[PDB]
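The chain below stands alone and is given in structure tokens; this is the form solved without the ligand.
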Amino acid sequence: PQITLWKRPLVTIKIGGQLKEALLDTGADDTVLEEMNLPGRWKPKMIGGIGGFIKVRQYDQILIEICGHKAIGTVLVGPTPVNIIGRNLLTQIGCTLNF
């Protein structure tokens, strides 16, 4: 699709059989989910943002379907009020910015 930005660009995603929604976020290097139970052991990892820095949980090789497009990569579990799809997955679905 072609998504305008008058509201937040939330899209439906599918991850481990569950439907969730998430934000297509060109300002995120990484993909970050709030709760999602991803299976097994995770690596600790730091990320930053406008407020400063926070510890999150890194899981690798995670399959998310985004609007029907399959993407496999790293997914962080962290304190975000919304699920965030970052550039690491946006690139794999062929997502571009256009004006």
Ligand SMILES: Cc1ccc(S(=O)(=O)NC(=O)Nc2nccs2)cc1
The other form holds:
2 protein chains.
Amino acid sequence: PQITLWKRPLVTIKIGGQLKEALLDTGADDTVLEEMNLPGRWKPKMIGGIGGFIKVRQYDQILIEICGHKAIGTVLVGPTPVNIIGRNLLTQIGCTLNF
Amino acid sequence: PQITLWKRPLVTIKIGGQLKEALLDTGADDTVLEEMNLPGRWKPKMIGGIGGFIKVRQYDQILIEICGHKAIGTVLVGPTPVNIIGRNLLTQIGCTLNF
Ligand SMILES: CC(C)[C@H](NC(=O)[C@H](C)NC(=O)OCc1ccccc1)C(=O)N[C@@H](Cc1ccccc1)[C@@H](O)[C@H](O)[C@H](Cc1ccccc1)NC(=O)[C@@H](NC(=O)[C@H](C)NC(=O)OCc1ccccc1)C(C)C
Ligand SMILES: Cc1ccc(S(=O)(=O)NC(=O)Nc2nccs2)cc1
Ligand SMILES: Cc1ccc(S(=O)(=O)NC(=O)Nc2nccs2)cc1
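Based on the form solved without the ligand presented above, generate the structure block for the form deposited with the ligand bound.
Every component of the complex follows; first up is the chain already shown.
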């Protein structure tokens, strides 16, 4: 769509044959999702934000669908309290900020 | 104008006399800038994200220019490593996500 920001920009995502809600985030370099089993091998990673760092597992070339828009790319899993769609995936669905 | 997301969506702001860069951040509720000098009476406030939380200072009715769009709102001030423009001002300047 064209989505307003009066309300948080949380959309429906599909990943792993599971439906989740996530936040379209121009403030995130990377896509980080709450704890979930996922296929293939991973590598260790840290991400930072407000008030420090946390550890995550990087998985590559993952199929995700975001309001019906398919993308394959990197997805990180760990103790985020919010499912976040970051720029690496927002680009793949054509997402822009406009005003 | 249009901001595609291949790089961090950075923009020029003008606030309390000064020129700065700040990130347009759709997953930020509030606006939060690096330590600076704003006027008069402020209240404590707590904001958190990945990894933890910070203590900030809340300044209300602060005037700000964001990419030539004027806005008046709550600016938060504290130890964030990046200046963040949140939905509180993104809404005032007519900012939406398009895909
Ligand atoms: C989502 C992350 C992957 C993202 N991180 C990155 O992309 C980082 C910079 N990149 C990165 O880590 O890459 C690898 C790296 C980096 C540096 C060194 C080595 C390796 C990030 O945290 N980005 C944040 C900005 C930032 C950048 C640098 C440093 C510090 C902060 C926000 O823009 C991003 O949009 C998040 C989303 C979020 C929110 C909550 C939990 C988890 C994620 N918002 C926030 O952190 C904001 N918090 C909020 O908006 C919350 C929801 N509000 C809040 O506390 O409100 C009051 C409240 C109080 C009490 C209860 C409830 C609410 C903040 C900017 C205002
Ligand atoms: C676009 C899109 C379709 C379907 C999903 S799904 O139902 O969550 N799971 C999968 O497709 N898994 C996979 N199948 C083959 C390789 S990875 C997610 C995203
Ligand atoms: C459009 C635009 C003009 C001027 C500015 S300014 O010089 O940075 N600030 C102000 O003039 N006044 C205030 N700042 C804080 C409270 S009242 C900012 C934006």
